[PDB]
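Each chain is listed here by its residues.
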Amino acid sequence: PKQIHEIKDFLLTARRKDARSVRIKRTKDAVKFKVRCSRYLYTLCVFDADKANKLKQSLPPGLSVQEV
Amino acid sequence: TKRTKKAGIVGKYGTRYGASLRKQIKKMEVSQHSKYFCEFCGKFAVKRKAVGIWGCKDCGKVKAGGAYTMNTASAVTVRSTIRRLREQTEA
Amino acid sequence: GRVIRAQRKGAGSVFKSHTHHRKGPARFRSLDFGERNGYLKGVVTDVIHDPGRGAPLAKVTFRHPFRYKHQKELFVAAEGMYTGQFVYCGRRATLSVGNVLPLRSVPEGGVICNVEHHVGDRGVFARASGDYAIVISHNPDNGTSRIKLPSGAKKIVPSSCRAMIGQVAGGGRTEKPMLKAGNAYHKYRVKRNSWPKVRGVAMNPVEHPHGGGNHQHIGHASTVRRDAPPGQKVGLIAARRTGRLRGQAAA
Amino acid sequence: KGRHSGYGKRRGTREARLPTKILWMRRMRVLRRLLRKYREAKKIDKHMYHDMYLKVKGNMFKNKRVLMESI
Amino acid sequence: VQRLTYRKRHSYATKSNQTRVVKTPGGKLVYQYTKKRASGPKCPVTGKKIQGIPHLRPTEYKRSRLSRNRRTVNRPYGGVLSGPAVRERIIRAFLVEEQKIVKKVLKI
Amino acid sequence: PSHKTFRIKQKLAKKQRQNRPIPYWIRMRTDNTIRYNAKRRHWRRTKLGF
RNA sequence: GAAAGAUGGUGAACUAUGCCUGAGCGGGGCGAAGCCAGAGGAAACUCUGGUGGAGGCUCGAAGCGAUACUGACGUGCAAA
RNA sequence: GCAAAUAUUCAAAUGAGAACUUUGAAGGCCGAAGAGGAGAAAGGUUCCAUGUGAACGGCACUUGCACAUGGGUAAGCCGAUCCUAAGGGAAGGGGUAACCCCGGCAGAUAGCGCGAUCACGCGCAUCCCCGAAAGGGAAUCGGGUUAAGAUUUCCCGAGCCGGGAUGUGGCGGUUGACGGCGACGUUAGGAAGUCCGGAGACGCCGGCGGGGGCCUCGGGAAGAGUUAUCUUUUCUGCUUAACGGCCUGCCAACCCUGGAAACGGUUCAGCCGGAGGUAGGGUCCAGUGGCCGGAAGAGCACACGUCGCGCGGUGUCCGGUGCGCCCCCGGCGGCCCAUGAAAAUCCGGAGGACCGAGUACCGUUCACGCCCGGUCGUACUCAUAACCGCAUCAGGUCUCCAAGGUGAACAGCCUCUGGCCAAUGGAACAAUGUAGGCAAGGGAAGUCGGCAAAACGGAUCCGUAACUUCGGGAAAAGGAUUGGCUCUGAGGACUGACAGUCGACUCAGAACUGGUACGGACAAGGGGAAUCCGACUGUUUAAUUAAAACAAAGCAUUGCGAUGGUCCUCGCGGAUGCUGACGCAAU
Ligand SMILES: [Mg+2]
Ligand SMILES: [Mg+2]
Ligand SMILES: [Mg+2]
Ligand SMILES: [Mg+2]
Ligand SMILES: [Mg+2]
Ligand SMILES: [Mg+2]
Ligand SMILES: [Mg+2]
Ligand SMILES: [Mg+2]
Ligand SMILES: [Mg+2]
Ligand SMILES: [Mg+2]
Ligand SMILES: [Mg+2]
Ligand SMILES: [Mg+2]
Ligand SMILES: [Mg+2]
Ligand SMILES: [Mg+2]
Ligand SMILES: [Mg+2]
Ligand SMILES: [Mg+2]
Ligand SMILES: [Mg+2]
Ligand SMILES: [Mg+2]
Ligand SMILES: [Mg+2]
Ligand SMILES: [Mg+2]
Ligand SMILES: [Mg+2]
Ligand SMILES: [Mg+2]
Ligand SMILES: [Mg+2]
Ligand SMILES: [Mg+2]
Ligand SMILES: [Mg+2]
Ligand SMILES: [Mg+2]
Ligand SMILES: [Mg+2]
Ligand SMILES: [Mg+2]
Ligand SMILES: [Mg+2]
Ligand SMILES: [Mg+2]
Ligand SMILES: [Mg+2]
Ligand SMILES: [Mg+2]
Ligand SMILES: [Mg+2]
Ligand SMILES: [Mg+2]
Ligand SMILES: [Mg+2]
Ligand SMILES: [Mg+2]
Ligand SMILES: [Mg+2]
Ligand SMILES: [Mg+2]
Ligand SMILES: [Mg+2]
Ligand SMILES: [Mg+2]
Ligand SMILES: [Mg+2]
Ligand SMILES: [Mg+2]
Ligand SMILES: [Mg+2]
Ligand SMILES: [Mg+2]
Ligand SMILES: [Mg+2]
Ligand SMILES: [Mg+2]
Ligand SMILES: [Mg+2]
Ligand SMILES: [Mg+2]
Ligand SMILES: [Mg+2]
Ligand SMILES: [Mg+2]
Ligand SMILES: [Mg+2]
Ligand SMILES: [Zn+2]
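Residue numbers (the entry's author numbering), protein chains in the order written: chain NB, 2 to 69; chain GB, 2 to 92; chain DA, 2 to 252; chain LA, 72 to 142; chain PB, 2 to 109; chain VA, 2 to 51.
Among the clues, some could well be false.
[Unchecked claim] The calculated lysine to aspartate or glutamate pairs, modelled on DMTMM-like cross-linking and capped at a C-alpha distance of 20 Å, are:
#, chain 1, residue 1, chain 2, residue 2
1, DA, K177, GB, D59
2, NB, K55, NB, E7
3, LA, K135, LA, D116
4, NB, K52, NB, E7
5, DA, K73, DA, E109
6, PB, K49, GB, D59
7, PB, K50, GB, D59
8, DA, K188, GB, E30
9, GB, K62, PB, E89
[What the hints assert, rightly or not] Per label pair, the in silico range of CB-to-CB distance:
#, chain 1, residue 1, chain 2, residue 2, range
10, PB, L67, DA, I49, 30 to 36 Å
11, NB, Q4, PB, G48, 38 to 44 Å
12, GB, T90, PB, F95, 34 to 40 Å
13, GB, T90, LA, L125, 55 to 61 Å
14, LA, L125, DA, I49, 38 to 44 Å
15, PB, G27, NB, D30, 24 to 30 Å
16, NB, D30, PB, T35, 34 to 40 Å
17, PB, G53, NB, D30, 40 to 46 Å
[As the list claims (entries may be wrong)] Output of the computed footprint for chain GB on chain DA, the stretches with three or more beta carbons under 8 Å from beta carbons of chain GB:
#, region
18, 44-57
19, 94-106
20, 169-178
None of these hints come from the bench; they were simulated from the model.
Quick reminder that beta carbons are idealized off the backbone N, C-alpha and C, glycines included.
Let's have the full structure, built from the sequences with the hints guiding it.
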């Protein structure tokens with residue numbers, strides 16, 4: 002229900018406590034990075050495949066990355 | 002088109018209530034609907050709001066008045082009397 | 002017989018006053034020092050139609066004399082009052098339509114309304130729609146005054162009884178024919194259960210002294226005595242005369 | 072194609088089938104929006120706009136063809 | 002055409018039992034229960050609306066539910082009285098305060 | 002009804018446990034007279050009246 | 001074997017009336033004030049066409065009621 | 001005697017036994033103000049499974065709402081709980097022989113409250129409790145799931161409210177933010193006693209505008225049906241919740257510049273303007289509005305191919321409409337001798353007592369973070385079989401949803417979704433019946449009486465008398481037309497006096513045609529001349545009287561100025577009275 006727009010803020014809101022997980026759904030034309038905190042689900046719609054890859058890399062070690 | 006030879010506002014009562022009852026309520030059906038001059042803003046915008054209560058639409062002032070006419074002749078006599086009676090004893 | 006409607010009305014069962022939407026008691030202010038010995042300035046805020054009463058009520062928002070708060074008082078509107086008017090209360094209130102003065106301060110001939118009767122009982126005469134009392138005369142050797150009530154009677158009242166100068170609004174209301182049992186019904190819902198009113202002559206003897214008979218007639222003098230027991234005192238009570246009022250008797 | 076109407080397939084009164092008030096309401100918005108279009112296109116100045124507006128209200132004109140001819 | 006049913010045990014169509022038909026992700030029509038229309042605040046002086054505040058059912062104005070900005074107007078007497086009313090109060094206060102000392106002048 | 006007080010539900014519980022035919026074995030207890038359960042109630046015949 | 005008389009209590013879940021708080025009453029017909037235009041007039045105001053949509057107005061659906069057959073039934077479907 | 005509510009039939013299966021059970025094919029009915037889907041009340045386990053000797057299911061049974069044994073009702077978000085209304089009970093007091101009766105009578109009033117304790121100061125108003133599962137109201141949505149539970153109680157996902165502390169970050173210190181001329185704006189931005197305002201919070205009616213849903217039209221894609229013949233065809237579906245952000249900004253309201261007559265602006269109607277219109281430009285408000293997140297991974301639909309809640313694939317598009325129906329909202333207009341509820345809870349404001357730093361301390365209605373969320377209801381029927389009427393009784397019993405055709409229409413008549421064929425069956429066509437038709441010639445001669453039935457009935461056009469309260473009579477009366485097919489004409493929108501595209505509907509007229517039939521079923525006034533009564537509308541003996549009876553508006557009479565009139569109480573006291581002669585009361 003909350004979407005973030007800038008990768009730096011998404012990274013910051015996923016490199017925090019309460020980050021239970023990050024779902025990643027690849028669909029036609031885009032990827033969606035959904036991080037589950039306590040209150041709000043934060044979502045990011047990303048377009049560049051290599052940049053999406055860099056984010057995939059940049060998730061903090063430990064945060065369970067589901068791939069669907 | 003002229004639509005009523007003589008009835009006027011009392012044509013809504015149709016063929017009931019009697020000639021004189023209709024003819025003697027006509028003069029007050031008219032008055033309780035008529036637009037009366039508002040002395041505080043000079044418009045003709047005072048229309049009855051409730052029995053004895055005449056309010057103006059623009060200036061928001063609502064003024065206690067007669068039952069079917071804003072100014073009753075009795076209260077006109079009263080107002081003139083009260084002003085006279087005040088002024089003869091102020092001096 | 003059985004108990005008769007004139008007797009059933011004292012029970013309170015269904016004959017109580019239909020007062021769910023009435024705006025409260027319409028009366029003067031609690032007489033105090035300031036309004037014994039000076040004037041208090043209050044401002045009308047609204048002229049509100051009081052259900053079940055033909056006279057409009059005026060919400061008047063005084064300033065409390067000795068505590069820090071407003072006083073929403075509630076008067077019987079005198080024909081002339083408008084929102085935003087300043088009404089002044091007290092003995093040195095100027096004789097203006099809407100102000101309330103003691104009768105020691107209304108010159109003779111003046112019209113007043115809502116006349117108190119014991120100084121501080123907050124208005125009892127000349128209150129219904131379009132009625133007023135004229136201050137006929139004064140007597141300063143006893144501190145009393147005389148008024149001509151609406152009824153044509155003449156009452157000596159204390160000279161310190163307050164009164165609202167002017168006449169009550171809503172006048173001329175009872176001139177309009179109602180023309181409909183519907184209008185009559187909607188009139189009496191908001192006053193009290195006293196309509197429709199059945200002729201006694203069309204009742205059975207067990208519930209009305211006029212009742213019964215192969216024809217409809219009273220059968221005995223319809224004028225009853227003042228002392229007749231409750232349930233017998235129906236008809237024309239203690240009548241001095243009857244028949245159409247002609248001549249001096251119609252005064 | 073206009074079939075199936077007529078005086079036997081008709082069982083409502085004119086007002087019920089199409090209210091005279093709706094005819095009036097449509098034809099007034101028609102003539103009136105024409106008049107505003109003219110007053111904005113400067114084919115009419117405000118004075119004969121007002122005069123034709125009150126005449127449109129007052130029912131001289133029955134259709135925009137005659138409103139245009141008389142303008 | 003897939004008739005509807007209530008979702009609560011309130012079987013009477015009172016004011017509090019407003020219903021809105023919606024079509025759900027299932028292709029199925031349900032009711033949603035809506036709030037009743039609220040008036041929102043009014044100026045005592047004029048009776049007009051009060052600008053800058055939405056029209057919410059009174060409980061959902063609670064401090065812990067709205068942002069503060071959405072509930073108030075930054076003026077003196079703002080959020081109770083309207084702009085014209087405050088303007089007329091300032092003018093009347095000034096004119097009458099000055100008149101008081103102009104009336105103390107005449108006492109000589 | 003669907004909105005019943007807890008008192009009435011409490012008493013419906015007991016008027017439920019009071020419906021069973023008498024046990025099969027009581028009938029052989031010594032010097033016995035209880036034959037059938039003469040305090041049956043049916044939902045359509047005898048309304049509790051409460 | 002009464003019609004009754006009395007002492008003390010129980011009932012407005014039906015019905016009677018008052019009140020508080022909710023719910024409900026398609027489609028049509030007549031065409032009242034008000035407003036507009038045209039024409040007429042020394043004036044007063046009048047004639048013609050609109051609009052408007054009043055009313056304890058009217059034909060009528062759901063409702064509510066019960067006129068007529070003095071129809072059916074009348075140990076009835078039913079103590080209406 | 002088992003007879004109203006149209007209707008049943010054929011194979012099969014189970015079974016000792018089939019008209020009554022189950023399956024399938026058919027044929028019909030309810031026809032959406034339903035014989036459909038849910039509830040309030042009331043019932044109480046009737047709900048679901050397994051089985052069954054009797055009894056019951058007014059015939060029958062393998063069957064059941066019957067009998068036996070088991071199963072089933074999950075809530076911080078739906079309710080109750082909370083608040084008050086009509087109104088009820090009550091402490092002190094007054095009455096009463098006592099039970100009981102009075103609540104405004106005013107009494108150190110039932111409760112004291114608020115900052116404060118490391119204590120004390122301040123206020124005490126009109127002052128208790130109960131009372132609504134239809135009034136007010138802290139907060140929830142979607143998709144799954146069970147034999148029976150849930151739509152939102154369970155499960156997956158996504159939220160929200162209240163309360164409890166607290167931690168990090170940020171914001172302010174010109175002590176208590178900034179921007180805008182202004183309306184107002186930004187998710188942070190001191191405040192004690194005290195006071196004020198708003199929301200809560202409001203009648204009916206007319207009509208217009210908008211939003212959501214449904215319906216209707218056309219294209220595209222999927223599947224189904226029809227096909228001796230014609231049909232780019234017909235039928236089904238093509239979905240997107242709360243919640244968060246952004247955008248838009250209706251109809252009203254509001255701000256700034258400006259100064260209007262040659263008067264203008266605008267409505268279906270109004271109405272608005274030197275108290276400042278038209279105009280230009282802005283603000284705010286609604287939203288069940290657009291986009292994105294929620295979210296395609298869900299749901300549906302097809303298409304396959306795997307043995308065993310597999311798995312894989314494709315689509316889940318694009319416009320236009322309207323006096324269209326439901327719900328809601330906005331704003332006008334009207335009606336009132338009627339003006340159409342209260343309070344909880346919440347928000348806002350006035351004033352400013354008292355407060356603090358800058359190697360640091362006082363706040364912060366901001367962001368994120370942690371914890372907790374109790375008691376009771378919850379299955380089922382809601383009716384021509386689960387409620388009441390001694391019944392599985394044609395009776396009665398409050399509501400929400402509401403498709404297609406014809407038509408003015410929620411009339412009737414037919415259909416689809418959904419539900420049924422449950423009302424004991426077989427044979428026959430006699431009287432007499434009950435419900436429904438038709439009749440030659442005549443048309444009330446029958447009869448107490450035109451009782452019953454027939455005739456008229458929609459709509460368009462014309463015409464419409466006596467009488468009249470001049471409003472009516474009036475649909476008076478009396479006439480004419482109505483189908484089907486092919487056309488002609490008129491009535492508009494959007495884009496750039498013309499051109500382009502589009503347009504669902506209404507209204508006129510003509511031809512041709514038929515066994516003169518055309519409101520072809522349905523639905524649907526007979527009319528006139530007079531008398532008597534009641535003015536009218538309304539109400540009335542539930543179960544034999546619907547009326548000329550009662551009420552009524554109108555008219556009149558009487559009592560009463562509070563230390564009063566009419567009335568109630570055993571008493572104390574009370575009703576009219578939250579009243580006051582334009583009032584109360586009695587005729
Ligand atoms: Mg009565
Ligand atoms: Mg009378
Ligand atoms: Mg009478
Ligand atoms: Mg009698
Ligand atoms: Mg007697
Ligand atoms: Mg008699
Ligand atoms: Mg005699
Ligand atoms: Mg034609
Ligand atoms: Mg018209
Ligand atoms: Mg509603
Ligand atoms: Mg704001
Ligand atoms: Mg029963
Ligand atoms: Mg005796
Ligand atoms: Mg009752
Ligand atoms: Mg009852
Ligand atoms: Mg409805
Ligand atoms: Mg009628
Ligand atoms: Mg009807
Ligand atoms: Mg009979
Ligand atoms: Mg018989
Ligand atoms: Mg036999
Ligand atoms: Mg029979
Ligand atoms: Mg309906
Ligand atoms: Mg049902
Ligand atoms: Mg049997
Ligand atoms: Mg069952
Ligand atoms: Mg309570
Ligand atoms: Mg409640
Ligand atoms: Mg409620
Ligand atoms: Mg308020
Ligand atoms: Mg309310
Ligand atoms: Mg402007
Ligand atoms: Mg929305
Ligand atoms: Mg209004
Ligand atoms: Mg449940
Ligand atoms: Mg249930
Ligand atoms: Mg019984
Ligand atoms: Mg049609
Ligand atoms: Mg229909
Ligand atoms: Mg014959
Ligand atoms: Mg005859
Ligand atoms: Mg004979
Ligand atoms: Mg004869
Ligand atoms: Mg004879
Ligand atoms: Mg007859
Ligand atoms: Mg006639
Ligand atoms: Mg009559
Ligand atoms: Mg009528
Ligand atoms: Mg009877
Ligand atoms: Mg009868
Ligand atoms: Mg008394
Ligand atoms: Zn004015």
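Evaluation of the provided hints:
1. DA:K177 to GB:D59: Not satisfied, since the Cα-Cα distance of roughly 29 Å exceeds 20 Å.
2. NB:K55 to NB:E7: 14 Å, holds
3. LA:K135 to LA:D116: 18 Å, holds
4. NB:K52 to NB:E7: Holds - the C-alpha atoms of NB:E7 and NB:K52 are around 12 Å apart, at most 20 Å.
5. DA:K73 to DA:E109: 32 Å, violated
6. PB:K49 to GB:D59: 13 Å, holds
7. PB:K50 to GB:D59: 16 Å, holds
8. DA:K188 to GB:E30: Distance of about 18 Å is within 20 Å: holds.
9. GB:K62 to PB:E89: It holds: about 16 Å lies between the C-alpha atoms, which stays within 20 Å.
10. PB:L67 to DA:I49: 30 to 36 Å: 34 Å, holds
11. NB:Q4 to PB:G48: 38 to 44 Å: This hint holds: roughly 43 Å between Cβ atoms.
12. GB:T90 to PB:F95: 34 to 40 Å: 36 Å, holds
13. GB:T90 to LA:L125: 55 to 61 Å: The hint (55 to 61 Å, Cβ to Cβ) holds, given that GB:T90 and LA:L125 are roughly 57 Å apart.
14. LA:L125 to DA:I49: 38 to 44 Å: For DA:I49 against LA:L125, whose Cβ atoms are near 41 Å apart, the range 38 to 44 Å holds.
15. PB:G27 to NB:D30: 24 to 30 Å: 26 Å, holds
16. NB:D30 to PB:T35: 34 to 40 Å: Since NB:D30 and PB:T35 have Cβ atoms about 36 Å apart, the given range 34 to 40 Å holds.
17. PB:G53 to NB:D30: 40 to 46 Å: 41 Å, holds
18. 44-57: holds (count 6)
19. 94-106: Three-residue rule met by the region 94-106 of chain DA, so holds; n is 4.
20. 169-178: Our answer is that it holds, as 8 residues pass the Cβ test (under 8 Å) against chain GB, meeting three.
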